[PDB]
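Single chain ahead, written as structure tokens, the form deposited in one PDB entry.
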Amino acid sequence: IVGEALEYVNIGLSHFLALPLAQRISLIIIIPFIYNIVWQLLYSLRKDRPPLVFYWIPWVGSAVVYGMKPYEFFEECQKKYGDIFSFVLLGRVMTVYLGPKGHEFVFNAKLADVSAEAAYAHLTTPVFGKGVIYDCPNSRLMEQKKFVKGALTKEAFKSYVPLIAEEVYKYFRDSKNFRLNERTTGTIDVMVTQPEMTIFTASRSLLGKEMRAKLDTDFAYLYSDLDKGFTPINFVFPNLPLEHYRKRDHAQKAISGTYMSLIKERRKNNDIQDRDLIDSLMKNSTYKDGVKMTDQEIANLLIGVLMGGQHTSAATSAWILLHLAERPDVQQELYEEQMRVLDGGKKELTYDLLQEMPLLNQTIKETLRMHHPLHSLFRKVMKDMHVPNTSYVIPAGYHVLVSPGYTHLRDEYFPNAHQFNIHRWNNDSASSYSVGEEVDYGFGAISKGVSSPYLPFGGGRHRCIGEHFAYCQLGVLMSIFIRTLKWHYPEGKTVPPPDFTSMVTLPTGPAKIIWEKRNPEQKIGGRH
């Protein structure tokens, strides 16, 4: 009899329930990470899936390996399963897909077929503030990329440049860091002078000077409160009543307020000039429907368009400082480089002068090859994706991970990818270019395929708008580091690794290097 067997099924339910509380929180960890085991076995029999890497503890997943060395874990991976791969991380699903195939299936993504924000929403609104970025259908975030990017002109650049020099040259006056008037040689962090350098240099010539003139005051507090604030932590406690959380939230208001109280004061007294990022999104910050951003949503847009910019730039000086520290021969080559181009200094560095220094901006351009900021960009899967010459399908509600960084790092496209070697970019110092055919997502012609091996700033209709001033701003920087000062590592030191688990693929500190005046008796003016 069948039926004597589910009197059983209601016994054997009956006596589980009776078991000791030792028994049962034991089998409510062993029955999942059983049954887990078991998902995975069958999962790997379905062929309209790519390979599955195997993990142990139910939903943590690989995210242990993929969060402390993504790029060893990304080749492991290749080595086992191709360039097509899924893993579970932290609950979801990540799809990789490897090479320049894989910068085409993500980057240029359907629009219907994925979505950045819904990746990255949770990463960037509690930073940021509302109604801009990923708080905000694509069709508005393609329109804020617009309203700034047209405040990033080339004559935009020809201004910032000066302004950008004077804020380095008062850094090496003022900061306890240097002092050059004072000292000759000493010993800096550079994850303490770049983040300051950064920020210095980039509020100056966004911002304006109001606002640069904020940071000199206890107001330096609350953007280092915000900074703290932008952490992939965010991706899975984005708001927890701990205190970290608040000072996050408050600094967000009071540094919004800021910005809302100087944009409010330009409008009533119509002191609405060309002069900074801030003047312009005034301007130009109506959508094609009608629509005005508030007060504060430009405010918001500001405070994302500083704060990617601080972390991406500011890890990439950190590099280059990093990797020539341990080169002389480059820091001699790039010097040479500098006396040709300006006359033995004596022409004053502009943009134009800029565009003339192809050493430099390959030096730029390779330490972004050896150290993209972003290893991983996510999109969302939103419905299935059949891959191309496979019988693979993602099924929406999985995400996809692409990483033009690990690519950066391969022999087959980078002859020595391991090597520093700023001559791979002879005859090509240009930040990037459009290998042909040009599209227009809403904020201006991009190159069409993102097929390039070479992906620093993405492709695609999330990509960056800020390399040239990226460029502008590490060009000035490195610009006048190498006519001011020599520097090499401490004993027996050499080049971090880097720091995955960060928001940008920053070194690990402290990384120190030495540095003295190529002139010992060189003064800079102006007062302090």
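Positions refer to the first chain, counted from 1. In this text, rigid core is short for the largest set of C-alphas that superpose within 1.5 Å between two forms. What changes on going to the form deposited in another entry:
Once both forms are fitted on their rigid core, the CA atom of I25 lies less than 2 Å apart between these two forms. When the rigid core is held fixed, the Cα atom of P510 travels less than 2 angstroms between these two forms.
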Contents of the next structure:
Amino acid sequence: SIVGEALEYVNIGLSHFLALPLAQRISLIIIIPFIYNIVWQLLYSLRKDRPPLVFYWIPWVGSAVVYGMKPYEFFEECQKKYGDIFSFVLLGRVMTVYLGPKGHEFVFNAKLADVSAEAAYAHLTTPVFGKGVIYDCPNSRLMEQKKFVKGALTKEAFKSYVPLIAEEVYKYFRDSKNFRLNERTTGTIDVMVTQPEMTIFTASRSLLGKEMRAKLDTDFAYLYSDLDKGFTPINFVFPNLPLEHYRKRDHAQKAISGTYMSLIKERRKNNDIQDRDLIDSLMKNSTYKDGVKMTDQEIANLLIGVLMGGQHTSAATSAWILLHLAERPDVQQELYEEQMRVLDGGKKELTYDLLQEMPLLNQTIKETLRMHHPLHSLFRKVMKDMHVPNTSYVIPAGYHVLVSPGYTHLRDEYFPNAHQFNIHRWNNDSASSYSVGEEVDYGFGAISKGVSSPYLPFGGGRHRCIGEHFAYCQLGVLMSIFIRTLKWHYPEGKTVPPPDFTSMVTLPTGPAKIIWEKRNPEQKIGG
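Could I see the form deposited in another entry next, after the form deposited in one PDB entry?
This part shows the chain on its own.
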């Protein structure tokens, strides 16, 4: 039994390792994890209680590069080889993807005990929004925060928002250097300049109120830019680095939330709390069901998060709407005729109810969100082992699950000719979304119990979006006015750009320029 002499040579070998020249040591510090990673994958591949794991060369990094550049093309290749459930390594994390409607069910309807959104997202959002809200709090708090925000998102609220949003659009056409319709009949714009600007102007005026919109006409607007630059997927890896980008971000968060808090405290002092905006609403309705009240700081931080999330999804979407219509004068013409019919040649004022009578306009939004889901991947951290039904698979705690309704939006099996933009695929189905059957309430209102729809621009289950009707209201007013006021087209040789999958939303790669011209060159915008 010469295991003793073998154990002596183990200790001897461990000693001889340290006497290697330093280059051989570093070389061994690199070659040994690499070889072990390959060996580990080969062994892992033997497992039958695990989904197939995408092979990768660089330890820790995994498939990060190819996933980040072209996630849908990555998914399609993986789907061909391995089917609908497969894992990949992403910067030290194991991501289990479940494609298609069954994956929507597996992730969006997973048990609260099994998965955690806030554990996946906290580092992404908390340094931008501030503490105590959205993902920096337990799920039950998030549920009620969504309930609070929904209280300012009623039909009656949208009826008041429409003329406010319309006013802001017309003001932008009049005053922005990108347009100046009283002085120019044609111009060239970068839609990733105009649309983020129009989106924050319209959303601040309606959700935040006249005071906070007024602020955007000052140097305070630079704080919003500074905060917007902090809203980036780099926060997943580097939420805080001692650089200037980060300190500009933190400073802006303090100053913007400070501005909101100043208005909040001034309103309470003056007893000036009406039903004007989301701030009024949160001042009157922000008590959790255990009787704890949101602080003024948490109210402000929630306002930041709502406005920032709504900012990126909606600005990206109206950019894509403009870009797809720039090569589709037929759609512009069809939309214009609908406007003339619904609004009696323009003699009728746009109202929230009339927006509902504009199916083609709404189908255009719907179809843009099919082809351009602003969020290509949604994440949950796995908290308890999950059995994948009808498989032998178990997804262990410490893994992440990734769901991608945006991938299914682009599958021919569910949307024939899925890479053609065609608003008429939605004829007699112009609703922003539809609960086909039974409903459930997680704390913010009854929503569809099933999430099997191949079309889920707004997600589903407890984390489902509550801004869908605001987004359609905002996008609808904005596009109604764009269509009635302008025609637009591409400069020669340009077409729809491909998306940027490394940004917070799948926005178009730039510079994405269109040329506009006034339908009525003599139309003037008053005020």
